[PDB]
Amino acid sequence: XXXXXXXXXXXXXXXXXXXXXXXXXXXXXXXXXXXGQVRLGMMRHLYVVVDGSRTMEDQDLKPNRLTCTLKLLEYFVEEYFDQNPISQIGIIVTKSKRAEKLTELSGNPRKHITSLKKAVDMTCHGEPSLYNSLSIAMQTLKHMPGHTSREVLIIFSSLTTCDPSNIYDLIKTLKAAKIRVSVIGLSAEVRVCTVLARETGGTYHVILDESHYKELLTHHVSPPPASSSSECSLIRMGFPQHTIXXXXXXXXXXXXXXXXXXXXXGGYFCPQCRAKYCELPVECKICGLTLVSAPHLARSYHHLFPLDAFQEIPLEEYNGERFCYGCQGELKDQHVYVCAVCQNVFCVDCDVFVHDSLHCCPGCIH
Amino acid sequence: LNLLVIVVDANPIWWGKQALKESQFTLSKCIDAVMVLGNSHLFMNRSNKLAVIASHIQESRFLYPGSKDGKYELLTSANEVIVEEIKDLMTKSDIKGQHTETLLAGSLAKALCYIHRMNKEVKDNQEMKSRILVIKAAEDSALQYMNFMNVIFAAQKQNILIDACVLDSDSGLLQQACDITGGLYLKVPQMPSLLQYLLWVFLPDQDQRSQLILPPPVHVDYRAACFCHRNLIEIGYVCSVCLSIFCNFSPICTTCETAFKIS
Amino acid sequence: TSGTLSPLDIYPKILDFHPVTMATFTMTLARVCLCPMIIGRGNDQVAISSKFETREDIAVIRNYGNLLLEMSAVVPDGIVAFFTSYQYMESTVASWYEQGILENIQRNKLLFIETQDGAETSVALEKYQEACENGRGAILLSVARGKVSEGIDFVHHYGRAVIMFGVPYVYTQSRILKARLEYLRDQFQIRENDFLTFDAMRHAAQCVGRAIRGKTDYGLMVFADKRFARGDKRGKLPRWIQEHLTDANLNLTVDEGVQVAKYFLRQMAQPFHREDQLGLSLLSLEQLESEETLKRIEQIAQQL
Amino acid sequence: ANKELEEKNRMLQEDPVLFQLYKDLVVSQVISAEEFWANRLXXXXXXXXXXXXXXXXXXXXXXXXXXXXXXXXXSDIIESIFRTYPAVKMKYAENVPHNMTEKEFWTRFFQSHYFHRXXXXXXXXXXXXXXXXXXXXXXXXXXXXXXXXXXXXXXXXXXXXXXXXXXXXXXXXXXXXXXXXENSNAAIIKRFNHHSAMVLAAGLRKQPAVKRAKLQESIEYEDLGXXXXXXXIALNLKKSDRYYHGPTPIXXXXXXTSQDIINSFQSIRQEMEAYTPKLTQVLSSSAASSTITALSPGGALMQXXXXXXXXXXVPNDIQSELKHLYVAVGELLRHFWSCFXXXXXXXXXXXXXXXXXXXXXXXXXXXXXXXXXXXXXXXXXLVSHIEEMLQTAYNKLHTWXXXXXXXX
Ligand SMILES: [Zn+2]
Ligand SMILES: [Zn+2]
Ligand SMILES: [Zn+2]
Ligand SMILES: [Zn+2]
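Protein chains in written order, with the authors' numbering: chain E, 16 to 274, 281 to 387; chain F, 8 to 72, 95 to 292; chain B, 457 to 760; chain C, 107 to 173, 183 to 321, 346 to 547.
No lab work stands behind these hints: they were computed from the structure. All residues carry an ideal CB built from backbone N, CA and C; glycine is no exception. Errors might be hidden in some of the hints.
[What the hints assert, rightly or not] DSS-like mimics (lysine-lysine), calculated; alpha carbons at most 30 Å apart, straight line:
1. C/109 x E/157
2. E/306 x C/535
3. C/417 x F/125
4. E/86 x F/158
5. C/377 x F/290
6. E/190 x E/133
7. E/306 x F/216
8. E/353 x E/306
9. E/126 x C/114
10. E/187 x C/353
11. E/229 x B/718
12. F/116 x C/417
13. F/149 x F/28
14. E/187 x E/126
15. F/152 x F/116
[Stated by the list, open to error] Heads up, incomplete: computed chain E residues facing chain B, CB under 8 Å, no partners named:
16. 128
17. 159
18. 177
19. 178
20. 181
21. 204
22. 206
23. 221
24. 226
25. 317
26. 356
27. 366
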């Protein structure tokens, strides 16, 4: 009731500035990113199980937990389809001791984000059911092929995990069915989700803030490394070229579509069944082939020959290269970042840009 | 507020063969058409910005960054620094043999992070749209494809358009980039008219692409080959560890030495 | 040797006893590992106590049930709730039914009430341990005197929040108490109000301090009535619990205690891996041979 | 049992497009109804793949009222009581007409042991309460604590237990002093113990080993032993140059002899010395006029492209025809290419392939009949894409036949 005494003063002219700068510096933090030269699960049928519990309506977040969770899942679907194109998502809301396959396992963000914009309007009545949700996710994820790192992400809030049967035989089955389940938890640590996470192979985490929860979902965007158990197969792939209406439709093949459609003149075929698809990449609806344009293999090549660390040094320190090798600007701050191989000079803006978006050192290309 | 970033493929070997060809069109009219496009872009509006990069064979040195002869003054200073920078670049030069094909990935990387820092410079009232012209005249090396796609996807995320005027030869990676980012591709059919191509197709900004009727998009080939025999594929075998394209089915995956599980 | 013995000044003063070493070892931690709170303030600002001597006061039992409800809604995986006497647990769980509370506690977690059968207690314990592992929430409420809290120990996730209801005073027993107290006045020199407080605190801190097994275990351990803040009764809890009893935590409300529990569990459910202990709360082979570590271990242990 | 019939029907009803398909295939004399409904397994597991277990307050979720003696119609409550109290299950087996109704029966259900938590001689639930007491005494006497291996054995957690003779606290369990309200409070304790035990057992369907197991579990510390990190299989790529120049085919890249390097360096070092003509050298106006001639819509670089001449003549009903056709041929090629891919070298899968061959040939006959009945209206709208798909099915069938006859 006396927080007003948190503001001290020594000279009081820049001392209130020092207290405000200490507070504003203590109101921020940096992320923790991990590097690996290890095998990753790059075809990735992930399957999101959201709570629809009573505890979703609690107001620990700035809106209630349903709204914030659903907003960050909209961001999650966006960044996951932005970074892994082959993969798919399916969304289950778990509600009233039963599980509901809200959006089936598909690979385009339009249907999922449309369903989340719908699912803002829900009710969140009852206690969850981890049994039935893992059962529906298992039931769909039995028969995906063995090289797929089949992954479930349970955004789980409440504590009473109201199952209708025994949920250690599910964990033994899902251990044998080489699935991988990771739970992001709200407000607590629950022993059953801990056993599920450490036994199926996943990772369990509990949420402080908006920013920490964004860091956790960003941690689950990237393809997680594989165990010594998952099959390393060789999936047969198809690379259909784009085909416009051939020569002003001189002996074309006028089709409707293949999944309220208009008359398609041309587009993408299939090299297996010779059907008609508008969008690529799409799993072949009548063959079982997977269809790839092949920058969609190049969109996720940075995981395989990855980045390295920047040697971060704040001080002045021998810098005979005053200008940024990134964008030709002066280093007006005390943070200078130097690469490993070429050992050029980069600033903070070039650091965040290279390590988040461009994914390569501009020096090592030269 | 707009930001044109011209990139001129200054291959000294290619323009050297062009200047020993004794044609009409040499490097002088290329860099002069570059500067007239730059002064035209600064001339169209006060708030416009300009940056001109020159990919050499071994370095991405930027070119950019009173009135004696009647120009506007900042156009005169920009032309003086571009002229003196290409004279410092091309004359004082080197010779090596293992790396003689030009590069385009690094200059595009510098352009991407330059547009990033110049978008951090922008205040809250105004907003910056941006594009990268690429004036290519040489043959691109295949060896940096792993790098090259990456900068395209950066321009996919950073919403930077990419345009390309190729001079002599077609380039699959660069028409690929201009297909992905939403930019524009153009293969010039006659050299010395270069400036008049630029001042109608590549001078107009994003809110004039939609107004002008422009030359139509060429169909883009999504050819794909194996890493085995380099030949064209319509159905391939792709690993899930190495993520590499194989043409014919093989037991032991060569790209990552995978102990392949056989069924 | 015990995990709780406090104060150590009184075991030579009862047992005709003169030892070499009277030692207390301070809980050195790299992570808070426990928080005791003294919830001695109702949500209506009613003074929580047990002054009535087992003859029920209604609003205090109401605030006990409100504490158990909201602490059920916060804490995971099993809450242990020690009452004063089996007549008092009998009466409390009686008036948690006619008053509309106990169905809500059912909605959050699964109760397992105690009885003084030798076999029914074991079945209730077995179902309580099969409900802390099969998903749901389980809450064992017992008496702080009997065999439930003497041997049967509650480890990493069986009791997260040991709720000590009341101050356990031996109130039912006869003139054996008055006569042992007259003896300790006369032929030993230990006061009336000193020995009663000592006995009550050894039972309360005996039943509380079972929840924690190692450094990687965390136990909320609440004390629910105002008397645990009164200096002599707080002064006879052991040193490794008074060290983590903050003056802000001293005499919390119900809801302030619930928010401290939430912040406790959220700050203490994160990856606290072995690499966070090799500095402070763990020692390797070669971290022993340094004489700076020897100075540290000289500073930790104390005597009385 | 006529299950399948009722399923395929229920679907056809709910799914009229599928009904259409079912007609266009079965009724069209291409395949038989049994095959179609046979290999079309796509449905849910159960009503919810399980039910809703009795969480708690199965008597106090919408307590005694589907709006005491109010209405009783909530499905979760009646199913949770059916699971939870099997004495009420057997009572529902007995007294269900046979002379009472759910109004009177559930009015006699909100009596004691079940809603009030009492213990007394009462109405028709009295013998059910006696059987529940016998189940509790069977759990206490005929059964015991299963994990009494190294803990939780409350009867024998004392090595020397005696009678009330030579002790201090011998007035622990008193054979006297049995009151009314006190026995009621003990009854409330017993009913909640039994209620939570039935919840936990209903959600759980049907030696030195266990003792050393519980001992070694309760002794150990997670700190003072081994770590918790699984593995990470190291992916050290062998030939990363295959990644560097990717799936782009090898362009014609023949830079000539390194004499040209020296010649070009000489010529361009001489070239970029003398520089900056701006008025004179840049554009001749005739080149600009020819460029405007080219970029005008009848010249070079204006490819006569973005034409896209379409055939929108009879849109809507032909679109409906093509919706029926692409649904039908999608189901046909679904079955064909789903069974086709791996040869599955036995006689059952080859027989399914022969049935697929028969369905394929009759599908081609039905497609030719549909093309004749459709495209003979106004002479437009090439349907030959569906004929391309069915011709590729025809081709894979004959190519598999020649391949397996080579593999004979
Ligand atoms: Zn296909
Ligand atoms: Zn580098
Ligand atoms: Zn920079
Ligand atoms: Zn591989």
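Worksheet item: Holds or violated: is the Cβ of residue 356 of chain E closer than 8 Å to a Cβ in chain B?
Response: Cβ of residue 356 of chain E sits 27 Å from chain B, so the hint is violated.
Item to complete: Using 8 Å as the Cβ threshold, decide whether residue 221 of chain E counts as touching chain B.
Response: holds, 4 Å
Practice prompt. Could you check if residue 204 of chain E really has its C-beta closer than 8 Å to a C-beta on chain B?
Written response: holds, 4 Å
Fill in: Pair hint residue 353 of chain E and residue 306 of chain E, alpha-carbon separation not exceeding 30 Å
violated, 56 Å
Worksheet item: Given the hinted pair residue 306 of chain E and residue 216 of chain F, is their alpha-carbon gap at most 30 Å?
Response: This hinted pair is violated, its Cα atoms lying about 39 Å apart.
Practice prompt. Measure nothing beyond the straight line between the CA atoms of residue 306 of chain E and residue 535 of chain C; if it is 30 Å or shorter, mark the hint as holding.
Written response: holds, 18 Å
Discussion item. For a C-alpha distance cap of 30 Å, please report whether residue 116 of chain F and residue 417 of chain C respect it.
Written reply: holds, 16 Å
Item to complete: Hold the hint about residue 181 of chain E up to the distance rule: shortest CB distance to chain B must be less than 8 Å.
Response: This hint holds: residue 181 of chain E lies near chain B, its Cβ roughly 7 Å from the closest one there, short of 8 Å.
Worksheet item: Should the hint that residue 178 of chain E touches chain B count as held when the rule is a Cβ pair under 8 Å?
Response: holds, 5 Å
Item to complete: Could you check if residue 206 of chain E really has its C-beta closer than 8 Å to a C-beta on chain B?
Response: At 4 Å from the nearest chain B Cβ, residue 206 of chain E passes the 8 Å test, so the hint holds.
Item to complete: Sort out whether residue 126 of chain E lies within 30 Å of residue 187 of chain E, counting only the CA atoms.
Response: violated, 33 Å
Discussion item. For a C-alpha distance cap of 30 Å, please report whether residue 190 of chain E and residue 133 of chain E respect it.
Written reply: violated, 34 Å
Checked against the numbered hints above, the structure violates hints 3, 6, 7, 8, 13, 14, 15, 16, 17, 24, 25, 26 and 27; every other hint is satisfied.
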